[PDB]
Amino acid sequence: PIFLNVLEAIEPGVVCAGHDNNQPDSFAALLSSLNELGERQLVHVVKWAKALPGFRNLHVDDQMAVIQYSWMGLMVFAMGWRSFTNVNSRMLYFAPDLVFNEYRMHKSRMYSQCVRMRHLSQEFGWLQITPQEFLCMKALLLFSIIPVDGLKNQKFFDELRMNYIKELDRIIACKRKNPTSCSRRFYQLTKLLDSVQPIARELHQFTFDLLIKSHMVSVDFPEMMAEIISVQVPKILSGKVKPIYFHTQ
């Protein structure tokens, strides 16, 4: 049980946004609160990642980058799970103090993207994704997007990803006395992982675009946000850093 012992043991607790629920819903407040939530969620992903099995084989700057490139898809992924498990995918459960209803979806101007993220949530229920399946997939997300140019030491990354792909394959919810079953379960879960990437890309696009006009619209971006968004995110949007897909796109 050792691998999943780890994952569950290091799975972060509740991160609040700091949001002031008892004021008017508005774009500037909704998005200033998400940027503080993203900033906090980051700090936790950092410690979560660093405690992952085998993670510190990676070169130190690879570690940071990997985290930076994966940070949005992971947040989104875990977010969707919170929304699955807390509200049964009706609303987006960013935080206990930041739960997006339809109305906030519109006011945040992220309706198109919230829709996708919510669809994602619903897949968890449709597919009856087990909590165990969720953690393994989420851990695997960390290792699903790299510079095409390669990492400072790619050898150890491939070894981890391979090993993390292996661990998910053991734990899939399936009839082991039936070929088609586990075969089928894997395919589904791989597709689901793949489906996280286009959504992350949309959020990147939006946050980046948003950052550029942040001075105008007075949406506050934290230290590490602006650092990531202006430096790492554009590499992804420029096609320098690409997601590792299971299936061809």
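Residue numbers count along the first chain shown, from 1. Residues that one form lacks are left out of the comparison. Take the two forms, superpose them, and find the largest set of C-alpha atoms that agree within 1.5 Å; that set is the rigid core. Compared with the form solved in complex with 3,5,3'triiodothyronine:
Checking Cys174, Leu151, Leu74, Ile145 for C-alpha shifts of 2 Å or more between the two forms, after the rigid core is superposed, gives a single hit: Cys174. After superposition on the rigid core, residues whose Cα atoms move by 2 Å or more in a run of at least three fall only at 173-177 between the two forms.
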Contents of the next structure:
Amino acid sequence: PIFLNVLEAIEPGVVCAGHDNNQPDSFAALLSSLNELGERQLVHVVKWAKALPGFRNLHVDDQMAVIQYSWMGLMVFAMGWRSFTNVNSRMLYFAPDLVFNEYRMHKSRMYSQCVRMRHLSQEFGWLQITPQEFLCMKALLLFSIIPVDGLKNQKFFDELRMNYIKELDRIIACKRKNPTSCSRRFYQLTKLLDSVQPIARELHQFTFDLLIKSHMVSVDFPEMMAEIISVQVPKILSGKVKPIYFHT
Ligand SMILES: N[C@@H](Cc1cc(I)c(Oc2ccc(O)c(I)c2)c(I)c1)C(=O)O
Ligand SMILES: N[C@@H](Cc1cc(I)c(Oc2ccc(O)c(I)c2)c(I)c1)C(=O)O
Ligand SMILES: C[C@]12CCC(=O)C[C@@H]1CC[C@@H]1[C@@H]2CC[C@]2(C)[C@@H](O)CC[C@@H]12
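Can you switch from the form deposited without 3,5,3'triiodothyronine and show the form solved in complex with 3,5,3'triiodothyronine instead?
Now the complete complex, all chains and molecules, led by this one.
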């Protein structure tokens, strides 16, 4: 189908972080690389979003809003996928040049968060998530977080989102044969998507605090990276911007 072709086509390619694996794994060096990777990934996310069906129909302000609020969840989701299809979730495959092993997970001073990220990665396994489900779920994540007071034009966003959820449906009901597994599959996926929010929330908090102490730990934050984390992220940690959960 058309929709499925677009998603597969606009799917971003490999992206390096530019990490110098020749230097010892120090906290400053590791995170500074993750921020750079984030900055770079942000560029591919914006283009990816613009090329998304119906995205260019939202108010220009909302387009930048939804992107600045869910960039974390998206990247984290895609990261788990790579880790799953690249190294069987054994390690966090952030980038071909920035892979995290047990040691690095500790050195990054955010081991626990990595554990959850890996749990998310492994999820792609037991749930036998197909490439089609992944693409659709990831896109649906773009419309998974907005301000409590709605966007510039909620009416459209609600319909755009609704139209993306129906896609997930068609996808889910494009191979099934029974009414049981089909209705259950939707439950499993919607749950998987919701499990992403909690993780992104911890990373949002961590990066925020890291930015504030950036100069005290010698960690560098790219331009756009520091501008979003100091303006958009705070809105989420303060409760002004909240994620959209399928379940309670
Ligand atoms: N020119 C591109 C799209 C493109 C459009 C815009 I407005 C951009 O501005 C920013 C700057 C910082 C941010 O955090 C965000 I989100 C967006 C960028 I960077 C790229 C294309 O045509 O694919
Ligand atoms: N289901 C179709 C693709 C299809 C996907 C989506 I997201 C749609 O949502 C809207 C709604 C209002 C808009 O202005 C725009 I632009 C898109 C529609 I309408 C159709 C296919 O598979 O060919
Ligand atoms: C989104 C990124 C970078 C892109 C990716 O593959 C997932 C990964 C998850 C951890 C993020 C990192 C970007 C930089 C952050 C936000 C650090 O400041 C702390 C947590 C890091």
